[PDB]
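Protein chains: 4
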Amino acid sequence: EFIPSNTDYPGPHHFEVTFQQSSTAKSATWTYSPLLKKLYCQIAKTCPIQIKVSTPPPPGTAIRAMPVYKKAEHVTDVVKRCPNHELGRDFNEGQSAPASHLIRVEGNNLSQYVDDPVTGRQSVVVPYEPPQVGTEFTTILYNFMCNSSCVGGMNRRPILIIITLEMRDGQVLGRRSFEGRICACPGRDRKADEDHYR
Amino acid sequence: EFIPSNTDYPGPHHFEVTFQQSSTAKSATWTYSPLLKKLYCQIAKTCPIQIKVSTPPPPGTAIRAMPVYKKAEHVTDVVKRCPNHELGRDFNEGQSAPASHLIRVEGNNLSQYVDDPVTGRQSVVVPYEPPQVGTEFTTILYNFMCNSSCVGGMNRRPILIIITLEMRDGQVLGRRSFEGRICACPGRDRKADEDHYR
Amino acid sequence: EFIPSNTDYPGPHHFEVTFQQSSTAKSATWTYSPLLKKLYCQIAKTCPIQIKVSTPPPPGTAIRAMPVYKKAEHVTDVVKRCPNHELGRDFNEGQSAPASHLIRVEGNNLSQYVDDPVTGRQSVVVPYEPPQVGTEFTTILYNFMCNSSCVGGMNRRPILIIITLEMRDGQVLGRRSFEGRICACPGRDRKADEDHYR
Amino acid sequence: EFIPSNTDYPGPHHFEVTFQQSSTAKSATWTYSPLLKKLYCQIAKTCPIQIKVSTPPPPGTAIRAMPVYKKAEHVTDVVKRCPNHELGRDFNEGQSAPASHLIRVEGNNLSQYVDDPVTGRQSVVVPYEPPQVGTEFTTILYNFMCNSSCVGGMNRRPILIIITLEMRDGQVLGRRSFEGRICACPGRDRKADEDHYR
DNA sequence: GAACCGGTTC
DNA sequence: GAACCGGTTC
DNA sequence: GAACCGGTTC
DNA sequence: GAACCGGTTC
Ligand SMILES: [Zn+2]
Ligand SMILES: [Zn+2]
Ligand SMILES: [Zn+2]
Ligand SMILES: [Zn+2]
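Going down the list, the protein sequences come from chains B, B', A and A'. A prime marks a further copy of an entry chain.
Count the first sequence with the authors' numbering and you get residues 113 to 310, in order.
Count the second sequence with the authors' numbering and you get residues 113 to 310, in order.
Count the third sequence with the authors' numbering and you get residues 113 to 310, in order.
Count the fourth sequence with the authors' numbering and you get residues 113 to 310, in order.
The set of hints was computed from the structure by calculation and includes no laboratory data.
A few of these clues could be false.
Pairs involving identical chains hold if they fit within one copy or between any two copies, as the list cannot separate such chains.
[Claimed, not checked] Calculated pairs, BS3-like style, for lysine-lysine (alpha carbon to alpha carbon, straight line, at most 27 Å):
id : residue 1 : residue 2
1  : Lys-164   : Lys-183
2  : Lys-150   : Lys-303
3  : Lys-138   : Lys-157
4  : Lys-303   : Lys-157
Kindly produce the complete structure, drawing on both the sequences and the hints.
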């Protein structure tokens with residue numbers, strides 16, 4: 113509970129998370145690599161994800177997004193927004209999301225922003241909502257409010273964003289995860305990591 | 113309910129929406145592309161649509177027109193009229209439609225203009241009326257009160273206009289949708305998008 | 113007093129207005145062509161001018177900037193900021209100067225933005241200051257708050273910016289003028305008009 | 113008094129500012145190019161300057177350093193430390209000098225950091241001291257507390273550091289100036305700009 | 001110090 | 001989108 | 001900065 | 001309807 117675990121766990125109610133097709137254009141505001149499981153996004157731009165289920169009934173259950181550093185040494189640094197932005201003008205005046213928080217949800221007002229008093233981890237939870245009438249989809253709109261590259265926060269040390277499905281008491285029914293990179297050029301970053309790997 | 117769903121849904125009372133033939137002339141005030149499902153219209157000019165039914169009886173039921181941005185990032189921006197028009201002279205003095213609204217209905221005085229107090233979405237609903245004695249047709253006259261290209265509103269980010277058929281309690285019995293583009297030259301825009309695609 | 117005169121007028125003090133050399137790079141934030149006597153600048157960016165005089169004072173003199181339309185038919189529309197600029201966030205909240213004004217002054221706190229209660233012309237007046245010791249001219253930082261290209265205000269009808277040096281009682285002691293253009297690309301625009309006269 | 117003059121001004125005492133030879137090694141903590149009159153230094157490292165005068169006093173004279181932006185459009189933003197520097201641990205706790213200030217003085221306890229309550233310009237003043245016996249110049253140790261490269265404060269718009277020698281009542285007796293650049297690599301940066309003029 | 005990256009401008 | 005810049009890696 | 005689009009004039 | 005213009009995209 114004190115240290116987040118970072119392993120894929122479908123659990124008994126299969127938990128699956130996918131992405132509608134993202135542009136293969138260099139100008140896309142966000143894009144996901146199925147080869148690497150890496151999300152490339154831009155600051156403050158909605159990158160939506162779809163969580164999908166086939167056996168959706170538990171009660172009052174929610175989904176958490178919790179950012180974590182992959183590399184061992186900072187893993188004990190609470191991930192947060194690096195000092196100029198948490199405190200800049202451009203995205204501080206608008207929401208009730210804590211200025212200190214890295215991850216926001218944009219289309220949901222039943223969002224609960226958690227800053228753990230004991231562990232200090234900050235994450236964002238939404239109540240589970242079945243899809244809108246008739247199909248796999250259920251969209252959550254995330255907003256990333258800083259770069260991976262930023263001074264004071266991640267400082268160019270890549271982070272995995274872990275999404276967990278949880279019962280009201282916190283017990284995990286499903287969880288999946290992938291690493292996220294928040295640069296000013298996700299289409300170019302997508303192509304490059306992939307180039308070096310092949 | 114907070115985020116509009118944008119998928120075609122005929123529903124149990126088949127819901128179908130069509131267009132009488134529009135000019136293939138470059139001077140047409142409006143025109144629809146069956147290939148792309150894209151409506152090209154001009155500011156403030158009546159572009160009528162026909163909704164048709166074969167099994168028309170529910171009670172007090174209505175049809176909604178609700179504009180939505182297609183692209184993910186603004187989808188959380190309430191679609192509205194960009195600051196010079198909501199506030200210009202030319203179409204503000206005339207109707208009780210809210211100056212802030214993008215979509216109006218012209219031949220109907222039982223129009224109810226909804227500005228959601230909770231979600232903030234603005235849409236226009238009319239009570240369902242059977243056709244005038246004897247044929248498929250039932251016309252609704254829409255007026256688009258700003259360009260897609262306009263500064264402050266859509267700002268050149270294309271929007272889909274979703275028409276839903278709803279019972280008095282709001283439950284959807286039919287819905288269909290298509291993307292709309294509101295330029296100063298719909299005949300030319302029709303020909304061009306279509307050129308690039310083929 | 114009701115319709116402004118639009119002619120250059122050297123004073124007893126030989127009022128002259130000049131501009132420092134501006135980068136001729138297209139990336140310049142503003143550039144004047146001495147040839148056509150017209151200023152090209154960018155929205156909201158500081159655009160300083162040079163006044164030079166042969167003698168000083170007399171006590172209490174001021175300098176006014178008042179924009180006026182060159183075409184005969186618009187001259188009776190008071191020239192003001194367009195409704196989209198007038199009502200936005202970017203520069204209305206941070207300023208104490210009235211929002212309807214096209215012309216602002218930067219770094220000067222005794223600026224008086226005159227909105228004639230009677231004629232309605234808007235201008236900005238500062239008290240005359242002799243130059244800083246040993247310099248030839250006192251710089252004034254203007255800010256132009258709408259583009260020539262703008263909808264609702266100036267609307268693509270070119271403007272002359274009239275600069276008058278006047279005693280407290282209003283009599284004109286010096287006068288000069290130039291036509292002003294406020295686009296989003298001043299190096300290119302300057303270059304294109306210059307290409308066009310020949 | 114409201115907008116600073118940005119011109120070199122020898123006083124009655126022939127105020128001159130020079131710099132000792134700096135290692136030309138790229139490992140130098142700071143290096144000035146006499147050719148371009150611009151200083152290259154490193155964050156938080158002592159960067160001393162030489163003043164020379166032809167005559168002393170008169171009683172009670174002081175020396176001010178005030179940074180000001182070279183580009184016209186930023187000149188009205190008060191130049192200060194960027195929020196990341198302003199609020200950190202490395203140099204805020206150990207110093208009694210105000211954190212918002214770009215310029216600090218080392219080893220001098222009667223330094224007065226002036227934050228104009230009225231104009232808001234920040235500068236640092238020390239009383240003039242004649243040189244130590246038999247030396248030509250009195251050294252002042254400045255510390256620059258944000259990089260030119262910094263986010264939120266200076267943000268990659270070059271700065272002139274204005275050094276003025278002034279009587280207690282504020283009148284300027286001498287003046288000199290240079291453009292300042294505070295990067296993480298001064299020998300290389302100096303060398304690159306110098307390569308570039310020719 | 002030379003080589004690298006990743007945000008910024010043209 | 002390409003070329004440039006400037007702190008960081010090693 | 002060059003190339004693109006989409007509203008405006010001739 | 002064709003040619004021009006001028007902020008925006010990339
Ligand atoms: Zn940041
Ligand atoms: Zn509009
Ligand atoms: Zn305007
Ligand atoms: Zn800083």
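Broken hints, by number: Failing hints: none at all.
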